[PDB]
Amino acid sequence: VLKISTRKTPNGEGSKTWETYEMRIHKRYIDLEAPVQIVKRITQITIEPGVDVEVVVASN
Amino acid sequence: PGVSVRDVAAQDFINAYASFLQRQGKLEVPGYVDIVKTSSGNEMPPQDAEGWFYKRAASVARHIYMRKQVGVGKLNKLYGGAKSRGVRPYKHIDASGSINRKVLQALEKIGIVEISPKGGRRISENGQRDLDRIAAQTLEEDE
Amino acid sequence: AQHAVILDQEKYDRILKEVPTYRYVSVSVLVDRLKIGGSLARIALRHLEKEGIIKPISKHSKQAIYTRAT
Amino acid sequence: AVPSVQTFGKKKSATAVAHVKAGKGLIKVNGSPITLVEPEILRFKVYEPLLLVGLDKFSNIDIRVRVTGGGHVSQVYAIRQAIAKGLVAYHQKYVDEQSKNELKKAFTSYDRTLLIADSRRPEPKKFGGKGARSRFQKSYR
Amino acid sequence: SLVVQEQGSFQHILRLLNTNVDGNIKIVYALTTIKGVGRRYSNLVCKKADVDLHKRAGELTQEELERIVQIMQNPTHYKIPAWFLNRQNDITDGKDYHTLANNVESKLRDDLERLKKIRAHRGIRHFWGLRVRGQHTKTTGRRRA
Amino acid sequence: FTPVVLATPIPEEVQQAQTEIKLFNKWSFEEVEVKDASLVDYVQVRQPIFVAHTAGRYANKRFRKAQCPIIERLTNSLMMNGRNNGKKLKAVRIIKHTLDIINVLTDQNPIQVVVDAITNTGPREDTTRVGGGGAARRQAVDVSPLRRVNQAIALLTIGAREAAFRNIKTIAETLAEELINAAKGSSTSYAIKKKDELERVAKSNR
Amino acid sequence: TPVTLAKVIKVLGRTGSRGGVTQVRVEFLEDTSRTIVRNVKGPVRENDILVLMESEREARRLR
Amino acid sequence: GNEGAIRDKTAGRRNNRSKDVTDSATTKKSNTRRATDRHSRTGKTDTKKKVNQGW
Amino acid sequence: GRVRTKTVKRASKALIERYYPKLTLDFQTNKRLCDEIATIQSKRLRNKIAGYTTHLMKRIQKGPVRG
Amino acid sequence: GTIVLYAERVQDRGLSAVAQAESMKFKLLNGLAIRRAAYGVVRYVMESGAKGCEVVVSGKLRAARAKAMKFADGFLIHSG
RNA sequence: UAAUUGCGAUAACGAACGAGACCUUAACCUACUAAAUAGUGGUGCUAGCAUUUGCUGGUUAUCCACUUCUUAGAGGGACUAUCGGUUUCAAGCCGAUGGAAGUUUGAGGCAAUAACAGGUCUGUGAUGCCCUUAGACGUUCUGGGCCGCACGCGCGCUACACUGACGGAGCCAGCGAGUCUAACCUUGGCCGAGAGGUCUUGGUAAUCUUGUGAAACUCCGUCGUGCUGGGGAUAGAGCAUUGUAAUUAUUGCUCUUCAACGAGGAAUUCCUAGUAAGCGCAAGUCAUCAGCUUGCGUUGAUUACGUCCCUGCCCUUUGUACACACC
Ligand SMILES: [Mg+2]
Ligand SMILES: [Mg+2]
Ligand SMILES: [Mg+2]
Ligand SMILES: [Mg+2]
Ligand SMILES: [Mg+2]
Ligand SMILES: [Mg+2]
Ligand SMILES: [Mg+2]
Ligand SMILES: [Mg+2]
Ligand SMILES: [Mg+2]
Ligand SMILES: [Mg+2]
Ligand SMILES: [Mg+2]
Ligand SMILES: [Mg+2]
Ligand SMILES: [Mg+2]
Ligand SMILES: [Mg+2]
Ligand SMILES: [Mg+2]
Ligand SMILES: [Mg+2]
Ligand SMILES: [Mg+2]
Ligand SMILES: [Mg+2]
Ligand SMILES: [Mg+2]
Ligand SMILES: [Mg+2]
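Those protein sequences? They're chains A, B, C, D, E, F, G, H, I and J, same order as listed. So the first sequence is numbered by full-length UniProt numbering: it starts at 62 and just counts up by one. So the second sequence is numbered by full-length UniProt numbering: it starts at 2 and just counts up by one. So the third sequence is numbered by full-length UniProt numbering: it starts at 36 and just counts up by one. So the fourth sequence is numbered by full-length UniProt numbering: it starts at 3 and just counts up by one. So the fifth sequence is numbered by full-length UniProt numbering: it starts at 2 and just counts up by one. So the sixth sequence is numbered by full-length UniProt numbering: it starts at 20 and just counts up by one. So the seventh sequence is numbered by full-length UniProt numbering: it starts at 5 and just counts up by one. So the eighth sequence is numbered by full-length UniProt numbering: it starts at 56 and just counts up by one. So the ninth sequence is numbered by full-length UniProt numbering: it starts at 2 and just counts up by one. So the tenth sequence is numbered by full-length UniProt numbering: it starts at 82 and just counts up by one.
Keep in mind that the hints are not guaranteed to be accurate.
No more than 20 Å apart at the CA atoms, straight line, and that leaves these computed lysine-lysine pairs for PhoX-like [stated by the list, open to error]:
(1) C:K70 - E:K27
(2) H:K84 - D:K140
(3) J:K141 - H:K105
(4) E:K117 - H:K64
(5) C:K94 - F:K188
(6) J:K148 - H:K105
(7) F:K109 - C:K97
(8) H:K64 - E:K118
(9) C:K70 - E:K56
(10) D:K140 - D:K127
(11) D:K95 - D:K107
(12) D:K107 - F:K41
(13) I:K23 - I:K59
(14) D:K127 - A:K64
(15) F:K109 - C:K70
(16) I:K59 - I:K32
(17) B:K78 - B:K92
(18) B:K92 - B:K75
(19) C:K46 - E:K56
(20) A:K69 - D:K128
For the record, the hints were derived by calculation from the structure and aren't laboratory data.
Start from the sequences, fold in the hints, and give me the full structure.
Have a look at this one:
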């Protein structure tokens, strides 16, 4: 959870009110043992605006 | 029965092992000891004067016996308390790396510790040995 | 500076003859008998325990407690 | 394997995990006798369930506990908890209901929340003070 | 540690390094009434002079007392480091001193004067009776002088 | 009592006094009775305890404060004046010492002596400021049992604290001292004096 | 000195402009069958026992 | 320069310390105008046509 | 204070009006009823409601309730 | 080539805050009587079948002293 | 009732905004779906102590199984439930039991209509008008200044010690944050009294720093009521770090110097439970500088659970020649 805590006021007068915004980052990972074809088939599709997909290979 | 050091209270053990290293003679004490302070977060030297370097060795041993590996950096943090910044608020402060790095070096020469891979210092096999023996000694003082 | 700080022979003797009838003995008690500063009072405690008069019922630092032997 | 149950306890953010398997009556915390466990002035807090329910009872079992989190009092109230919960879990699956229920009766009738974790939890601070309720000093003029 | 006895050996109050020292005080701290010897300096000096710290200032054999000074006024020969010392790198002979007793007064004097004499702002600042380590002088320090 | 031994072993005096009676640091809860009617209800004693620590939820309701074991109320009250807020381990120990000390003097369940000094120092009646037109006299009142216990706990522990301040007697002795003298009010105790004076003035305006 | 014990049999409410004071009707135990209304200083519920330092004198309001 | 600065008597703490303090040092907020906040100074005025022509 | 808003008290009325057979002195089953027989957007609001349609039912069994 | 733009009409601009604010802008900047401007915005939004809608105009129009208005219609909620 | 929250009375009946609902976080799941970036038991390989099987560890894969502890998806759970007391036996309030939980469950987010000549043109390439515009009020470069000290006022930090200071020893959190076209978070090894230095190293992170071994705290000692070893202002002399730059001393270390302060007049602030208070930490700022803040966890009370006395506000009634509304 990314907090940002700012005074509400552009200037300085007033009782000092504070207001924290937050951005929630959800991360996930699924391990697959598969041939070459399905990997590409399954990564070009299943795309989605707002979801970040990353595919690493290898045991290291 | 059969024994560990974990079977023995900290002060009983460490003061027992302290006396031991003392009662022994085999050591390697720096020599700046007696003029030195143990942390800049401190105010006076140790009051044990002659000795105390045995207390930390015995303590340092036991700490490393109790776990995988530990470096000077960890023990500098372990050992250092709050420093009065005079009129400014207390901050935690790390202790002295010289005391500890030389405690680690001395214990190794005496073969109670060894330069573990991954980093730091692991208890030695011959440390497991002797420590479990004096722990066994101290439980016996209450037979 | 108001005296309690050394051992003036009569003192030692006072400490051996007077500690009976002490149902309670501790640092603060030894000081309160117009003598001994906390330091040599603490030394006295260990040494009156060398044998008799005082029985160790309490443990530790900050607080001692003793009773007449029986 | 033998008969074995694992249980836990919490107080503030301490969480004490027990493993109560069938054995010859040991009681160890992290890796030391339950007779050590200092903060010391509290030691009888963790002996407590043992004496509450009869110092025998443990002859058929082994108990190990590992606490992480919380602090030097939190961890005591957590470990005693998981200990007594572990005793009642074991009878629950292995001994018998009366035995178990007798055991809950003992703990509760005494209780310092031995079987039941305390919901008390830190309240969030809010701007305008160093605490949750406390407020910064003001002046008017 | 022990119950001791002693005859009339120890004397209350003893004089050394040109100043007076209370006898019925632990010798480490008893020494500190001397200017230029703080707790650390005293502690180490006694250790070096092979004296029993457990002792009062009053006990101390005159030979011990003689040693305790000797080291105080030549800390470098008796292997006290130098970072331990209140006047490394003089500024004239550039040696390393530890200035003691009635003498720290003259050196504070000397140093204050060297600044003023050379007209350096710090010195001017001293001559004016102001704060010189650059602290804010609006609100703080108003009784004083 | 039949000793029982298992793998990692429990000490005899621990096995002993425990499984048998459920008594204090090692002091009897049995006997120990409240010599003043009332106060029974607002002085605990039974169910008995090992030490005066407890994750107790005595706050969230008006009177349940009373169900707290009186000894632990006594200790709770030791831990104040800013520098010592929290610090129950500090406090608990002081009590353990105090009770030991008290026992040395004049025998008696030391926990009973505590009971006595409480009962003995709570103002039977008191005073409150009543308007009555600027110049406000002092209308007398009888005071609650609860307020009688509270006040007595506070009175005791405060006098001990100040007596303890700036002097060689340790905090545990002054506490014990106050208690002892207050167990049968010897007017040389800070608490009694105030109790006696508080009832002096209440009486003086009825 | 005579003591005089009276058990609180009813809670009447608060008086005293501040409001710290509580009116209450009590009943003696040593010879019951007679009741008096008193003003308490601390917190109070039913069945508690006031040590009336003197026995015959009740109040009403408080300013 | 600096030479003047140390030489200048009539300077440093001692000389101030021995001077009485102005009373402006212990004054007030001064405020000046605040209970005239609502009484517009501009002398001007909108008019009902121009406001109606706008809103 | 636990005084129930009108939305809750109103919905109980409406339910007890037209499903009095079914509905019982028991909240737990009154709960389940409210799902099958009414649409409510939050578990909390439904619980709130069913707990009070229960209350109203419990005292109906002992004389009428106006409304 | 590694970046690509596509236009898209919007399904009824009538339910779009941003579209309708920009309408007021273009309404007023084109010389429309404030009330005419805001109502037409309100009534066209409603006519696109909104549940409700509200227009505030704040600032100075022709008179020196600044003012404000609320032009609302239909149903709105304001919290949670 | 926290609430124009409801009951009830009733020329009203039935509704909508705001309140509530809703949302976020903290609490409960041995029920669900799982996990070598979390962890348990077993098994090997293995060290120590005992030896009678035991006890305590090592081994980012030597294999097998599991999901209690951790993580976060989907559900479930509480509705002041059951019982009782009280009450116009109405809304409700009170106690007892059960319960993870029964003070709006605890703490927040959001929040109608309306008012103020509240503050902000010094956040904005938001802006009207006025001013200025080449000897500039544009801009940039060098240097100084915002820190200047008879003194008044406010938020604070550290303290007046023995529930303590000091010295050894025990030794436990939670919220966080970190380096690409860069030099951020730093374990480990050496050197150094320290501050720090140096050689390497892991980490774009549940993977490494980090179990952030934090501080109060706990234990054993020294000191022993003495402005003392409480207190650490002021000042001298030296060593280093950030930076192009440290003088008016950025900060860090070391020795020395060792002030006021002995609980604070009139006054005045804040607060009801994991709260007050004590205690430290991460984050913001940040090249370097926290005695500040935003949060976090640790230790953990006393006393109310009431009222209208003070003070502040709200509501009725009532007066008005006010309506630009007592400025
Ligand atoms: Mg530490
Ligand atoms: Mg330490
Ligand atoms: Mg000196
Ligand atoms: Mg300053
Ligand atoms: Mg402090
Ligand atoms: Mg709404
Ligand atoms: Mg809301
Ligand atoms: Mg699970
Ligand atoms: Mg209950
Ligand atoms: Mg204005
Ligand atoms: Mg602006
Ligand atoms: Mg400024
Ligand atoms: Mg402020
Ligand atoms: Mg300490
Ligand atoms: Mg060097
Ligand atoms: Mg790399
Ligand atoms: Mg001093
Ligand atoms: Mg100091
Ligand atoms: Mg910072
Ligand atoms: Mg700031």
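Task: Agreement of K59 (chain I) and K32 (chain I) with the hint, judged by alpha carbon distance not exceeding 20 Å - done: holds (15 Å)
TODO: Could you grab the alpha-carbon distance between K78 (chain B) and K92 (chain B) and see if it respects the 20 Å cut-off?
DONE: Distance of about 13 Å is within 20 Å: holds.
TODO: With a cut-off of 20 Å on the C-alpha distance, tell me whether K109 (chain F) and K97 (chain C) pass.
DONE: Since the Cα atoms of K109 (chain F) and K97 (chain C) sit roughly 11 Å apart, the hinted pair holds (cutoff 20 Å).
Open item on the list: With the threshold set at 20 Å, check whether the alpha-carbon distance from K94 (chain C) to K188 (chain F) stays at or below it.
Closed with: At roughly 17 Å apart (the allowed maximum being 20 Å), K188 (chain F) and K94 (chain C) satisfy the hint.
Open item on the list: Holds or violated: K70 (chain C) and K27 (chain E), Cα atoms, limit 20 Å.
Closed with: At roughly 18 Å apart (the allowed maximum being 20 Å), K27 (chain E) and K70 (chain C) satisfy the hint.
Task: Given pair status - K70 (chain C), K109 (chain F), alpha carbons within 20 Å - done: violated (30 Å)
- [ ] Take a quick look at whether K107 (chain D) and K41 (chain F) sit within 20 Å of each other, Cα to Cα.
- [x] At roughly 16 Å apart (the allowed maximum being 20 Å), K41 (chain F) and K107 (chain D) satisfy the hint.
Open item on the list: Check whether the Cα positions of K46 (chain C) and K56 (chain E) lie no farther apart than 20 Å.
Closed with: Answer holds: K46 (chain C) to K56 (chain E) is near 19 Å, not above 20 Å.
Task: Given pair status - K107 (chain D), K95 (chain D), alpha carbons within 20 Å - done: The given pair, whose Cα atoms are some 18 Å apart, holds under the 20 Å limit.
TODO: Mind checking the alpha carbons of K23 (chain I) and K59 (chain I) for me, to see if they're no more than 20 Å apart?
DONE: holds (13 Å)
Open item on the list: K141 (chain J) and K105 (chain H) were given as a pair; does the straight-line alpha-carbon distance stay at or below 20 Å?
Closed with: OK: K141 (chain J) and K105 (chain H) at ~12 Å, within 20 Å.
Task: Holds or violated: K69 (chain A) to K128 (chain D), with C-alpha atoms at most 20 Å apart - done: It holds: about 15 Å lies between the C-alpha atoms, which stays within 20 Å.
The structure does not agree with numbered hint 15 stated previously, though it agrees with all others.
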